[PDB]
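Next comes just one chain, in structure tokens: the form solved without this ligand.
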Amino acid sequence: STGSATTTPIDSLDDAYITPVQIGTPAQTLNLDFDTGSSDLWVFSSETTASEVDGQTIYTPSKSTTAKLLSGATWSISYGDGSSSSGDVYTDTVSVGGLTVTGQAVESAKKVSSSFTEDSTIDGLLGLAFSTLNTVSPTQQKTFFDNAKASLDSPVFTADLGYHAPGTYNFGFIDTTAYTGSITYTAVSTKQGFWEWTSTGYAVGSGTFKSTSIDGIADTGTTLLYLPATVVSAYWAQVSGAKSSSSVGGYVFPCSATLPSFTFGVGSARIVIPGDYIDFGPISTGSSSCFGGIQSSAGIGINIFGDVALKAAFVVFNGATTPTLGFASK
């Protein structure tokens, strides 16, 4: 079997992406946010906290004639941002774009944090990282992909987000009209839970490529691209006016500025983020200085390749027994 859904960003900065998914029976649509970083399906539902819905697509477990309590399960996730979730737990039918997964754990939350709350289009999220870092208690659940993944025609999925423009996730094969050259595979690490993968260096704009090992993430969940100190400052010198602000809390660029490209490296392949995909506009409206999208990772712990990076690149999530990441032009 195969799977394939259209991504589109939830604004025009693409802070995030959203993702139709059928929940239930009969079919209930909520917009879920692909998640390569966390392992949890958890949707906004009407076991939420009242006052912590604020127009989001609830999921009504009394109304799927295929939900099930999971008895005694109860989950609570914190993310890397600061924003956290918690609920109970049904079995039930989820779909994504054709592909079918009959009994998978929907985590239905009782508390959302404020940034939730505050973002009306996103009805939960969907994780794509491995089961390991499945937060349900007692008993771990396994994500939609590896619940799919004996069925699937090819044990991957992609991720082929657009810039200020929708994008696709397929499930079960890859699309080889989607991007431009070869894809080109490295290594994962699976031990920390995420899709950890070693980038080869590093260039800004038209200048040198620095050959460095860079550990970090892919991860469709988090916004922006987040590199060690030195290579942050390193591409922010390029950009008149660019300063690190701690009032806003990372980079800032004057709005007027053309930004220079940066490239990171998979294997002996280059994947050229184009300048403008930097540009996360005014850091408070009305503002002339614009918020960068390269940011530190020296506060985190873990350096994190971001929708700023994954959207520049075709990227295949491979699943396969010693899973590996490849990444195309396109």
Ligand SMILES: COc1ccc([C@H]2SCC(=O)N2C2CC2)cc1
The other form holds:
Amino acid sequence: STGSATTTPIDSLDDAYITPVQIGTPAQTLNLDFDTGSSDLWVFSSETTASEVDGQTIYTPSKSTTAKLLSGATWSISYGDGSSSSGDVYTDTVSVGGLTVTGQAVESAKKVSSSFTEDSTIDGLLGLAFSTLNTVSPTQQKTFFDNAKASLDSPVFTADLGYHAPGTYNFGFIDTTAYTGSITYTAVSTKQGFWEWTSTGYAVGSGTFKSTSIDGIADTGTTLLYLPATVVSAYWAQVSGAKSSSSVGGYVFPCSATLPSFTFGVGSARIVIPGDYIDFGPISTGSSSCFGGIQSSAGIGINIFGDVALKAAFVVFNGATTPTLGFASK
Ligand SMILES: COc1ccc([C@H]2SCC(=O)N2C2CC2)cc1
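Could you give the coordinates for the form deposited with this ligand bound, as opposed to the form solved without this ligand above?
In what comes next, the whole complex appears, and the chain from above leads the way.
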């Protein structure tokens, strides 16, 4: 089997991407944030504290003839940005772009943090990291991908995120029309539960490539590109007036600037992030100080190839017995 679904930016900055997901019978369609940096599929629901729901579409398990309470199971997750959610668990039928999994754990939120409430466009998350990170207790549950894998034509999914435009998540096949040149594959460590890999270096603008190993995660659920302080300083030094602002929480730059591109290495191959992709707009409405899309990972504990990086590429998440990651230009 295969599946193919369009993923759409939630706003004009590409802060996140939503993908429609069918849950239950009859289908209840929710727009979920596909997150290769976590492993829980959780939704706003009829069980979510009412004051914490503000415009989201909810899953109502009592209206699904295929929903079953997973007795005794609870979940609770905290994300890198400090957001969180928790609740109980059902199994139900879940379909993405025509690919159906029966008996998928659907984690129903009883509580969500304010950042989730405040984002009306995201109805939940669909985790695509390794199932070892799944938070359901006392019986850990599998991701949608992990459940689908054996049925797929090939044990892969691909992320093709757009810049200010829709893109695609495919399951079970590689669309050879969706990228240019070849796909370069690179090793993955699953030891931390992530799609963790090592970039071979970087360049800023038209500058020379610096060969240096940068260990990080491919994370569709993180907006920005978080890299070591040395790398980030080298980037922003090429932008007149850019500075790190402790009050704002990262590098800012004059909105009048033209940003240079940023290149990262994948083996001997190179992915070029256009300068425009690095602009996250005014720090507050009407400001001429703009927020940068490349920020320091110091204090996170890991480098994160988030959407800023991934949307410059066609990315293969190869879930073969030994997982790997592939990157192509597009
Ligand atoms: C301090 O200035 C900004 C701070 C943050 C952003 C973007 S990056 C990911 C994100 O969730 N953002 C908020 C607009 C929702 C943009 C500007």
